[PDB]
Amino acid sequence: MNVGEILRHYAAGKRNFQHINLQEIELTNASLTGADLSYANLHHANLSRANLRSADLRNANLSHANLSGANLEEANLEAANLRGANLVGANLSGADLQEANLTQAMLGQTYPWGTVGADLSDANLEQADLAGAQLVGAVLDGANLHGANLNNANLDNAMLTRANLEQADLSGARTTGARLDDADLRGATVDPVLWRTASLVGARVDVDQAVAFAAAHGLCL
Amino acid sequence: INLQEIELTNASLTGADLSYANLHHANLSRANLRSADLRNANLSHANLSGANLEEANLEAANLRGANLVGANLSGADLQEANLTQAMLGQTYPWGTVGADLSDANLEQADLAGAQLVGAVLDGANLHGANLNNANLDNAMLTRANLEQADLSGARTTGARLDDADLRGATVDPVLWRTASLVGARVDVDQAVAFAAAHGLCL
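If you read the sequences in order, they're chains A and B.
Positions 1 to 221 (our numbering) are the ones given, in order, by the first sequence.
Positions 1001 to 1202 (our numbering) are the ones given, in order, by the second sequence.
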């Protein structure tokens, strides 16, 4: 299936594209809201600025894809493979991404003139794998990363305020200038550097973690 | 013996056994009292500014309101002394001048309301000492034993407590945000308060 047809079928009103092969398709600025594209194959597909609001996308292959600036509001993406995808500036506000793969992925990018972060406000990221992902300046305000894997995640200038990070793995995570005000870090595994860098005014922490915060400032015990 | 109000400026009185004396308001400015037995002596409101007092046994002495600004007390036995309202330090327009209290034994001593601005208590023993509402602005309190001490209401802006030992002491949250504490030894309950002092919820 190619471009001139998948648009023709969307122009007719088809919403059932599940398991349909769509590798490397050119869909820049294409509007495809609501469409069931679950289990489909979008390996390396170009979806820059593609309006994909509330599209079913569970288990879909999206690795090494271009989704920068793409509207992904309320899209269901649980277990979808997004390894190495480009989401710099994309809006995934409130998307379901539980048990989804986001390793090596590009969510943020610092340019000389400023930082552009993808909007993940109140999004769901339970058991998600963002290991080695770059979330520079990414807006995760109010998101949920319960038990999520953030091993070696780049969180410079990220707004993780009001975030649920319980049972998360923030080891090797770069957290300079990261806002974690009123976050839930209970049970998470963070390096000592996080206690000295991320703003934690209001962060819910464990008794074990509070001491680690103190020991991270050179207090002997 | 009584020797109250006497004027011994720049006087050399080293090693003198002046125990149980009555030096109420005695001007002992710059008076060399090195290694002087002064235990249980009444020195309240006396002028001891600039006076050398190295290793002077001053235990149980009453120094309430005395002026020890710039005085040398390097290693004086002041355990269980009374030093309330004392002038141990002063911030002048050109700078702060504080008394040397290096390695001084202040065990169970009472410094309630004493002004220790810029005072050097490097490595001093202050076990169980009372520092209620004590002015510790820019005081050097490094390696100082502060076990079981009470620092409630104390002003600690710019105080250095690096390598100190605060285990057991009762301090206000403001201390955790104002004093340097690199290498300090604290409790589990204290280390949690240090985190609560910076805004973490439990």
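Don't read these hints as lab results, they were simulated from the structure.
Some hints could be false.
[As the list claims (entries may be wrong)] Chain B side only, calculated, beta carbon under 7 Å to chain A, not exhaustive: (1) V1182; (2) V1192; (3) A1195.
[To be verified] Anything over 12 Å on all C-beta distances counts as not near chain A; from chain B, calculated: (4) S1029; (5) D1122; (6) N1138; (7) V1186.
Ideal placement from N, C-alpha and C gives every residue a C-beta, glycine not left out.
Hints, verified against the model:
| no. | hint | verdict |
| --- | --- | --- |
| 1 | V1182 | holds, 4 Å |
| 2 | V1192 | holds, 5 Å |
| 3 | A1195 | holds, 4 Å |
| 4 | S1029 | holds, 41 Å |
| 5 | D1122 | holds, 18 Å |
| 6 | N1138 | holds, 20 Å |
| 7 | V1186 | violated, 5 Å |
Going down the numbered hints, you'll see the structure goes against just number 7.
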